[PDB]
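K.L.:
As a plain string of letters, each chain reads:
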Amino acid sequence: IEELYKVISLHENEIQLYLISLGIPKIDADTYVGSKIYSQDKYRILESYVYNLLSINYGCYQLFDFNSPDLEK
Amino acid sequence: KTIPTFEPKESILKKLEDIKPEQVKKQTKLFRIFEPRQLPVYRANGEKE
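Chains as they are written, first to last, in full-length UniProt numbering: chain C, 944 to 1016; chain R, 100 to 148.
Some clues are possibly wrong.
Among the chain R residues that face chain C by a calculated CB cut under 10 Å, a handful are [unchecked claim]: (1) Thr101; (2) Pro107; (3) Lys108; (4) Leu112.
SDA-like, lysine to any residue: derived pairs with alpha carbons at most 25 Å apart [said to hold, decoys possible]: (5) C:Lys979 <-> R:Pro103; (6) C:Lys969 <-> R:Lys114; (7) C:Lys985 <-> C:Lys1016; (8) R:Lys128 <-> C:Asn1000; (9) C:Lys1016 <-> C:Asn1000; (10) C:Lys985 <-> R:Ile102; (11) R:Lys100 <-> C:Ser982; (12) C:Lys949 <-> C:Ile967; (13) C:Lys969 <-> R:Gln137; (14) R:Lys100 <-> C:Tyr961; (15) C:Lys985 <-> R:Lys100; (16) R:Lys100 <-> C:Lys1016; (17) C:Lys979 <-> R:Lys100; (18) R:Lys100 <-> C:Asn1000.
Bear in mind the hints are in silico, worked out from the structure with no lab data behind them. Backbone N, C-alpha and C define an ideal beta-carbon position, used for all residues, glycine too.
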């Protein structure tokens, strides 16, 4: 995911060359690139490091119920 | 998402401006085809005149 952010910050014509490089057909990459959903994926890569950060699982934290109605009180 | 710009063609425009106007000619001597020469001349008998 540090490579897919490097791809998005490239040119519009250099995202399409990268997608066709892997094996994606032309009408599928040009439906991606033309709909400007490479611009929305800047805010889903950068938010993917937030849920990676803090752990609700550990040696001990797996046993408890974190969505309990007694911790939310 | 910027688009590439137009690249001009200088080789075509160079062929228009470098057409010189029609070269005016003036002649320096008269257009000659025939010239006089000396030939020997003979009478009706055959001897040199």
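K.L.:
Indicate, hint by hint, whether the structure satisfies it.
P.N.:
Outcome of the hint check:
no.	hint	result
1	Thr101	8 Å, holds
2	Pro107	22 Å, violated
3	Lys108	23 Å, violated
4	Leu112	29 Å, violated
5	C:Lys979 <-> R:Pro103	18 Å, holds
6	C:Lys969 <-> R:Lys114	41 Å, violated
7	C:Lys985 <-> C:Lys1016	36 Å, violated
8	R:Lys128 <-> C:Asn1000	112 Å, violated
9	C:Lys1016 <-> C:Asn1000	22 Å, holds
10	C:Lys985 <-> R:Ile102	22 Å, holds
11	R:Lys100 <-> C:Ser982	11 Å, holds
12	C:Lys949 <-> C:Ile967	18 Å, holds
13	C:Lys969 <-> R:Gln137	92 Å, violated
14	R:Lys100 <-> C:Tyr961	15 Å, holds
15	C:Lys985 <-> R:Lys100	15 Å, holds
16	R:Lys100 <-> C:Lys1016	50 Å, violated
17	C:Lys979 <-> R:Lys100	9 Å, holds
18	R:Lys100 <-> C:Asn1000	42 Å, violated
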